[PDB]
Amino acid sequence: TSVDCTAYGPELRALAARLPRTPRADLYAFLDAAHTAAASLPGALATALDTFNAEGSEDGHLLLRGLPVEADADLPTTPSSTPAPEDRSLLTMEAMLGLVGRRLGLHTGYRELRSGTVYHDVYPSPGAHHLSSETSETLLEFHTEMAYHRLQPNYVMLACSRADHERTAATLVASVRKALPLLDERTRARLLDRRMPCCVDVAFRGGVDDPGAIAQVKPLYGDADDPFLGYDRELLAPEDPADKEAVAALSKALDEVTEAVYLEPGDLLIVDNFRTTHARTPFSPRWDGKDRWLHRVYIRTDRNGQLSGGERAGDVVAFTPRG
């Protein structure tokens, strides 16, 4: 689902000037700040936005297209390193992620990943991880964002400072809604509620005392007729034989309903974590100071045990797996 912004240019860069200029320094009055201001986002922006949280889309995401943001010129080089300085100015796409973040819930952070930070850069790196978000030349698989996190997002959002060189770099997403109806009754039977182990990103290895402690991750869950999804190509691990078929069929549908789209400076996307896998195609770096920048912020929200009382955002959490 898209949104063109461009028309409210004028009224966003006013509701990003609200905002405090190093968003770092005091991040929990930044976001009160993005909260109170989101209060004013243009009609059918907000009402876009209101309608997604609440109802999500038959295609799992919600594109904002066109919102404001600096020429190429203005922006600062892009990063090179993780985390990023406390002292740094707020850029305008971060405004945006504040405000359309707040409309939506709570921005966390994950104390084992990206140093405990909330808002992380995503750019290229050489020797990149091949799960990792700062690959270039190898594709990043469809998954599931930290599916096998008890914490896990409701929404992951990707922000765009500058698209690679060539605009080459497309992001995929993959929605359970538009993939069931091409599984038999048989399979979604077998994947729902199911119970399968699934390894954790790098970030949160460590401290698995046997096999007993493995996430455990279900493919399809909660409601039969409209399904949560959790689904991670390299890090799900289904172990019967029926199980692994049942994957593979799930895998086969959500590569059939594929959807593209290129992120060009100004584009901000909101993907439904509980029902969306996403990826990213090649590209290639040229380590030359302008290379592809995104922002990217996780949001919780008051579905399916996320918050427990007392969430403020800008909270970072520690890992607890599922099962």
Second form
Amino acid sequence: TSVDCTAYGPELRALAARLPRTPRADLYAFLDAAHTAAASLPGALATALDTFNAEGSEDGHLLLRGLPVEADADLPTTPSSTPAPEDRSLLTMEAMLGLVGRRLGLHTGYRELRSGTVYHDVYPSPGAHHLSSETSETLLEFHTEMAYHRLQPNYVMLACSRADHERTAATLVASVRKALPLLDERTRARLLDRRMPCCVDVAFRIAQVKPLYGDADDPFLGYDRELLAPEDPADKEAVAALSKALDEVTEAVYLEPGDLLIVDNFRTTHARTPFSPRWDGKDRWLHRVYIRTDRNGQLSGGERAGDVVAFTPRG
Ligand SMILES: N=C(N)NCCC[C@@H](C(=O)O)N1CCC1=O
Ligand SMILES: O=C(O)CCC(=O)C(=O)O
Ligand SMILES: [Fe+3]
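Could the form deposited with deoxyguanidinoproclavaminic acid (PCX) bound be shown next, to go alongside the form deposited without deoxyguanidinoproclavaminic acid (PCX)?
Next comes the full complex, this chain leading.
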């Protein structure tokens, strides 16, 4: 699902201006400011976000296109390391992630991942491990983010400050609502609420993940093409059928500056196709944040946007 927000550029730049200019120096205060500001988002945007937050969509994602973003010459050089300096001045796309994110829920950091930071720069790095956001020429295969984590976030948000030079990197999204009809009843039944072994991402180095769960007529999805590891042959067969159906309903988003993609991380799996970096200071640069909501299991009470949580595997 996509919406063009170009007309709201002036209003959104004004809301971004309300926020503290050094977010990381006091992230709780920054996000509280973003929460107050999210109450004044343009009506069209507030409605679109509230609707997607409550109902999801058939395609599992909401793409906000044409949000404000700096001219390329005014952006810093694309980062070459992580984590980001705490004193880094606020970037417009980060302000959008603050506003849109707080309208949806609570930004969450994960202790063992990216030093526990909340805002992650997603850029290519030479010699990247194959299972990392730093990859470029190697396809980053389908994964439901932290599917193996008990405190897995409802949304993964990606805002784009720079696309890759040739605009070949595609963010792929496959939705359980489109894939499910393609599976037979026995396969659905086998997957539903059935715990299967799942490895974890490098940062967290098992877990048990239910590939499908919840209401049988509209289940949630937990899938990872690299980490999910069924052993029983019936389980492997069912996951292979699920994998094929997800491929068959794959949709692609070519992120460009000003785009903010909201992925329903309980109903999709996502990936990124290859691109060739130039190491010239203008390489692809996205900003990633994770949002927790009241959808069950994520929050137990007293949480604030900006909190960092520890690792506990599902099981
Ligand atoms: N199939 C996979 N699990 N691929 C790795 C996903 C990217 C990775 C990263 O940020 O480098 N990550 C996502 C959460 C985490 O860690
Ligand atoms: O680069 C992208 O478009 C998505 C990256 C991603 O999914 C990840 O690093 O977890
Ligand atoms: Fe991801």
